[PDB]
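Spelled out, the chains give:
There are 2 protein chains.
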Amino acid sequence: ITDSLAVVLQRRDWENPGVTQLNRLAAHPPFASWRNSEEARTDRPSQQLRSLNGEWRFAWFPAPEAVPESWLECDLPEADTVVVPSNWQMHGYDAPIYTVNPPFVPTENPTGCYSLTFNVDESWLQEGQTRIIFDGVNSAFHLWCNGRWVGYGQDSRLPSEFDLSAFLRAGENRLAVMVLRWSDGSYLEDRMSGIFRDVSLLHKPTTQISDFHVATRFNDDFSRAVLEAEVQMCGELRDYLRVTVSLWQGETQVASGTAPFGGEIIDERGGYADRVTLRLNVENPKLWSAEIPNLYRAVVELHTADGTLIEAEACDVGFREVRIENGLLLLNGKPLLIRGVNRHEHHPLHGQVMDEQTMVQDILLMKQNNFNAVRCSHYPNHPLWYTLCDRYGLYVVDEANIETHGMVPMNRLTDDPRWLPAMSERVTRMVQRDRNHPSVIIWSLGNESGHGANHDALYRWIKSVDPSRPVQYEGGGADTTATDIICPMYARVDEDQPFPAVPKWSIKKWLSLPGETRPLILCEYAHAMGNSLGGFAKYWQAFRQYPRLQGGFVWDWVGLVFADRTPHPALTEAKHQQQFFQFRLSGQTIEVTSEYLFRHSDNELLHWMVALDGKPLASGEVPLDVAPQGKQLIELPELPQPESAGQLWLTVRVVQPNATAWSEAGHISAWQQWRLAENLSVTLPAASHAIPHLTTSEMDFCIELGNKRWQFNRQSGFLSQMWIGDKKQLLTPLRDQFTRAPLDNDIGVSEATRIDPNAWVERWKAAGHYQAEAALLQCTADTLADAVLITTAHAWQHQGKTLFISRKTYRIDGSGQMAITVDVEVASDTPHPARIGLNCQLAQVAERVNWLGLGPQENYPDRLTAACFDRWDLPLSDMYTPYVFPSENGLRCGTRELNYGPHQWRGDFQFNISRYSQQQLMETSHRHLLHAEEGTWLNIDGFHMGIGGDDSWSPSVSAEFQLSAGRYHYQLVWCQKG
Amino acid sequence: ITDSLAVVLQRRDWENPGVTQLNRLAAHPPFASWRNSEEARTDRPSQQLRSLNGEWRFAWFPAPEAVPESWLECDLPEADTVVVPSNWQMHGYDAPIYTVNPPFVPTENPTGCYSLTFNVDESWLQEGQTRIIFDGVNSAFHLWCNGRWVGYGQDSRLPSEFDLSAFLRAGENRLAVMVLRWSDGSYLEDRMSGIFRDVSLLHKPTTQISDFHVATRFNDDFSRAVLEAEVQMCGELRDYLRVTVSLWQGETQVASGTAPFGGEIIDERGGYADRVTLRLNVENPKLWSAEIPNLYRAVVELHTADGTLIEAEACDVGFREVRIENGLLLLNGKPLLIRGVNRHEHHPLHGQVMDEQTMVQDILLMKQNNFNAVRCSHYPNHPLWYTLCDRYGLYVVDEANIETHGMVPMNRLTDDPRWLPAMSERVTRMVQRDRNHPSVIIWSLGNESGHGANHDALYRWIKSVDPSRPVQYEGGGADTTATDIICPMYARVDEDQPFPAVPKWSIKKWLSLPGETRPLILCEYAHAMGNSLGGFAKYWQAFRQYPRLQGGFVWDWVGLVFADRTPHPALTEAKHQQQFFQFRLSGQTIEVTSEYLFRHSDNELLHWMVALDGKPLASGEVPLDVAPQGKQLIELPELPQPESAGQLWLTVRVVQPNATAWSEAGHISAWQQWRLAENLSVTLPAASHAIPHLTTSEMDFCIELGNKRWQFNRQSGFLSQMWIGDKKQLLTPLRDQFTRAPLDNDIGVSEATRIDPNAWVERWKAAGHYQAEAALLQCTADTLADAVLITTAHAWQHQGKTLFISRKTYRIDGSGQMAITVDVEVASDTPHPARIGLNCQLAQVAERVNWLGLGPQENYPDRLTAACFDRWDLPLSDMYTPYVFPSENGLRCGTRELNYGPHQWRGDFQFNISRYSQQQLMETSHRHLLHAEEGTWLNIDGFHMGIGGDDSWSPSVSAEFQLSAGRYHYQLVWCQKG
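Going line by line, the protein sequences match chains C and A. Going letter by letter, the first sequence gives residues 3 to 101, 109 to 199, 204 to 571, 605 to 1024 in the deposited numbering. Going letter by letter, the second sequence gives residues 3 to 101, 109 to 199, 204 to 571, 605 to 1024 in the deposited numbering.
Same shape as in the complex, but just chain C:
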């Protein structure tokens, strides 16, 4: 018959861009079909919305032409039971991976056959309309109900609704869903097939609310608002039908309106008889923002003239105005600063199935790290996400599910009018679904699809239908006519990237180009792959200095956190750079500037502390009373002035004494540190009575002082062994190190098969930095009046070229201390080294690492503003960052003192300490393959290269963070317990 798979799978609707759906209902805001208005007001669950999530029968087939006809009537015997909201590649049916003919898809199209057997009660079948809703099905699908074909759907990321009234019988019914892995829609979504979102049954009355959308208008000072609500009905029009729209703040009704159906005259033929526009006046409305997410409840009742209710719908309403004025994006008349992050829908252990608790955890983490905006990365999200962003407060950019980055002209589809219908569906249905949410402030036309005329047409469509929101689009150079905002991807603060026909100007230069008036917000910046986010403070200095630089979205929230939502160290950096209080020090006065636009600092307390080399001396706490965008002066008490040598540090932090909806009591939101005053140590070490004794064989230099011994290998010139009593302290000799295990930013997109030679790791490998051999040049050993002096000279050579020369002096005096001075010259023509330091493997393993230096968390020369100077004590495992792909990690900069076991190192250095060598980190592909080595590897660097982070496919370490000086000096004193 006509419902057999032979007839249905004959036109190949999945290989036709002109067919994106069959028998699919219109798009609309989410509906519950409440039959009592009190349940709609309180958002209570509706008896008319029945979830079909749960156990479904599933079968897998290589191609759609391999499914038996009997599947249409009876479930297959070998079918496996699954939970329908899921991806079938989470169960071992076909292999998904991360990674040609625009209309055609491969003939071997993996096919999932879902089926459900369910009861429909008689009341639903007696009257009204029953529909099935698929919140998301990846690629395309065909639907059968009790063996009769219903319809066809595409656009995985938006709901597909089908009228099931004529197909449902009494009692048991069977739904059969054939889901294809690829369709023509895959060319706009350029894996992970299946029914990955919720499946529901909705019952509406015969006459019903078919649509409704709300808008807010304000006077000049936002003290008066008009809420306009347009309501569309479908069904049989009657003269007694009424629509009431009521606005509620809590349990208190603030406005209400009622009217029959029939709108104003639109043109010569009249108006809409099935539509009604109600206008509600709200005096002194509580405005919505991310800082204070004030919400109202709008209840729309379709009833009769006498008063019996037919059906009620409801939504949350936020009174807020978004507009671009004089080149500035304003919310409620104030210039926004977007502390945004890009976020994909990725469950920690369920693929693309997003549940409520994961969303709440993510929102809490983002708000706790000073994010106020989120970008729906390249497709519309679960509808619950927008509700949660309304309720907690987060600016949302809603993005159409259009992504054609694989195209070689890259606008081949988006400049073709034959693809205009498919793109128009993906834009219009998203706008029709999500236009009522106050959190959504910007529409995005999609991601990386070039710039065609379809983009301009859809941009103009959105501007006509919804003028309340700006439209942004990155594509064709991030500044085309299809965007209201210049929205570059990974443009840099100061350095231009003049690519042909799509240059990435520096954002400062981009703002001032001839004729350019628009605000700039980066849709993607600060790529967080691996050990990254160097140079973030430069971006935020630019954001705060330039009015039309209004922020951006950091790429990949999850990423800034691990899959289990464990935070990356760079997240701390972001939290510090995006904090809402800026601090200035002048003498003994702290100026606190609030970066809040709307809220007073009513839950803020300023704690301060003064410390000398990590030892606290004075502290206090001052309540903050700062108006939005205002300033508060805090005069400090007379600060201590110690006579003891050391450096005075003043730390201030902002604490929230009370808990909020998103933070616990005592939450730290902002902080800052200053150097107050330094006293230089002029006290001399008291002269010792003993003198270290030197013994010289041809093999080694041996120095003895009490129970301590130092042995230098004369063949190699390096300190080879150390003895306390009779215990050897070293496993590997202390030797110079100029390389690091490459980071994701060092590697770039360089591949073993496809080498990119501009990458840092490629330049280091070609120069022979990893294969350079140390050759001893001079070695002298002398006894002074009160010490022993060892001097050595080493040259590192590769293929006849000297890359580095290291000259070192070792002074061992009568107190047991060993001072090491290192002077290194680097050839100007070799690539700048990743580091200049010393490396050794300590024989003993200790539980704790103590250090007077910067920060508790890993910090680097170009990512260290969020670290504070103090005395830190951590477990050894806390000194290693478990990046998925192993690399150099765990460095602590600005370190004056390091204590590990019985060993102390003093000076001015960076260090990392771990159980993994740089060699093992380089040669291990995944972090689970790492194995702890016998002792502790210590890397003490005098100098270290920046890590970059602007992007991960080109060098991004700024010149001020490269080791280009050519000559380098450092000193470190090594002592033991005594």
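Calculated from the structure, these hints are not laboratory results. Hints should not be assumed to be uniformly reliable.
Because identical chains cannot be distinguished in the list, a pair is counted as satisfied if it fits within a single copy or across any two copies.
[Unchecked claim] Below, in silico cross-link-like pairs of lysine to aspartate or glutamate (EDC-like), each with a Cα-Cα straight-line distance of 16 Å or less: (1) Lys-517 to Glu-281; (2) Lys-774 to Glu-980; (3) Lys-476 to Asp-429; (4) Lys-299 to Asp-329; (5) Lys-661 to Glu-724; (6) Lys-517 to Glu-529; (7) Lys-774 to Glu-750; (8) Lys-521 to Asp-509; (9) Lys-854 to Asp-782.
Given chain C, put chain A in place with the hints provided.
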């Protein structure tokens, strides 16, 4: 199987707005696939383009579900042979007439089943691609080739192409076309189904030119041009493929360019490898316009690197620039004045099948009547029409086939995103087909569809794809954001029509509204239904006075001409109002201003003539040498100054001594007449010796003078009979007439079932003008010294109210002359009468009508500027205008003398003379039902109402042309041969 009608007619693609085609090829400019470039250059017929027009088998079925399956393989036995380019309602299968559920169409859908059996030669099947082209199929159709389903098509007014390569066999093949009368596309085309355009087979090579479009760029003074030609290939790309674009003026090549494939970089992924853009420099190009349609020939050759040609295409190229600047529409830098007309595709006797000769005849007639622009009324035309407009010179507005005027919100579909794909197809495919034509200067988004967001989206699409042409759209008030031109329908010169939400301002007021900067061109004005076009001169006075009033398109070319292309009298008016030479008189000097923008008057000769009461006295001829938009002064020779009584008239006309492509030698293009000087007649009639003798019975007054007798009925008061010798001269008594047979403008849209009371005919009927009865009040008869005086008074009364009073004097002197003075008073509260005159039925029928008065053609008080004062002699049949719906017709205004048979009437009057009474014209629905009456009906009016013409659904007669004075006087002398 899957090709059976059961499977194919199951998804009901004709009831789904989301399916407008299946397996349809892309849109492109017309292709011939020439295999030798010399044939492409000379536009010789191509052997690769084979017409399938001719004899086809046809069957008719009530519904698509009534067609037998056997039709798919064998032709039906009862099938009738027809010519395929035709409408099947021209053969009696279902009834077409002139005159609910947006997706659904009636289930009783009349279905035409066409079939063709044809030979395909082996060479086409060996290699290459063979496609079938349907230039037009009304509504929707399904296609089968040799029993296998090919595809589905909609959008009747654009070609549908299908690849037939896999379906064609050797020798005989059968095509089966199922054409439905209605589809969802009918909601955008709101009859006359069938295959009404040409059907062709096109053979292209395996690698082929798939697209090409040309653009012209100019410097500031148009002395240098760059022709940019973008060429798109489809097929297998090779490194030796080359594209050559050559430009030819006649047989002389002016430019040429060659390049391999591969365009410039468009974005990060590169450019188009299958596209090439060639730039050609043309120095001092001959510019295209309607006045001088200079054309070049562009030949595009796809060949190899060695030189063998693969395939050639060609087009005509016009170098011209269209832009809107400072609110003015400029062509080649000059402000256009659009002398336009709306033209439907309507064959005189073949329905909607348009052939070449009809197009050429229409273009010649339009150019001969001073039209320079044509509007494709509501759909794209036959592709040959645009070529003919390129070659002869006519500005063309190309309109999308979108028309939803039946919708009750009237933007219900065009504001719905679910209808955006269907509308986008109709716009994009038209632009893709017609963008290379120089005649097309404006894109139109459609007709009467309200204003939705789809209109804005498609407007922006056109502006992105083709910035070389302005986009206009009437809908939602004719001044929305979806139009570059204010393009009202039937807006008036001075009177506003403030409708709710779509006001029709006066065009003068519309121009100056706050914030309005755009030019105004009426897409429809001067409705020409029936006896119409009154007030046209007001429109053209406004056009010439106001710079931003740049003309308009007169509604319905065919209409301004009858179906057989016989011209309406108002066409003359249009020709006079749109003439390109304006004339001013000052003393004896004529100032001639040229309205041409580009051409010198090199084929123009000014003839002049001076006449006294139609008797010529002096004439001459002066060559015209006028620069574009310049002036020429012509001093007249010493004009005659007669002493004889009469009025001197100066007539000038512009003659084209040489023939053109569109006009014959001696063509008259412009003319003008002035009154020079009048001499009043002060000579007295010599006193007569005889005196008319009066005899008075109670029944009548009888007056005798020689052989002449006049008899007045004393019961009625009217002159009842006249005798010359013994022959009665009258059949109906000479009586006052205040009514006329209503015109289409008098009736409006008033209907017998649906009466519109504001219409003029309704107001006259309600007032009793047609039923008013004359009642004699006074009647006196006296004998003077040398005459007889009859005085009568009549009152016209209806339901107790006196509407008109007529007082008349009759003076019969000794020369046989009868002077009649008429004084009429009209009640101020009755509607103003259509006329005030006398009416009689003359007993004799004469061959000719002679008159000293205005014009040879029918002219009216508000349509008479094109009539000239002279002595005119016409046959009686020339005095009747055969309007399809009979009405008042044939009036000649400004008439001083009228001669008919032996009768002469002198004075200052209007008249019409015919064989049909006003009563018969009123009571006859169609002109073929009219029958000539016994004698001649003469209507001599002292005063006549204007006819209107601004529209035909509301009163449009201006107040200066209504008979509102309340009192009226006229005089007429009636004499006979003597």
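Here is what the structure says about each hint:
1. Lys-517 to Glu-281: Cα proximity of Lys-517 and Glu-281: across copies only (11 Å, versus 50 Å in one copy).
2. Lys-774 to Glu-980: The answer is within: 13 Å in one copy meets 16 Å, while 144 Å across copies does not.
3. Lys-476 to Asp-429: Between copies only: 15 Å across chains, 22 Å inside a chain, cut-off 16 Å.
4. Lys-299 to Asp-329: within (13 Å within a copy, 65 Å between copies)
5. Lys-661 to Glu-724: within (14 Å within a copy, 122 Å between copies)
6. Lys-517 to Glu-529: Intra 15 Å, inter 39 Å, cutoff 16 Å: intra-copy only.
7. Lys-774 to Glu-750: Close inside one copy (14 Å), not across copies (163 Å); limit 16 Å.
8. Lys-521 to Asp-509: Answer is within: at 10 Å inside a copy they meet the 16 Å cutoff, but 53 Å across does not.
9. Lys-854 to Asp-782: For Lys-854 and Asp-782, the Cα distance is within 16 Å only inside one copy (10 Å; across copies 133 Å).
Hint compliance for this structure: every hint is met.
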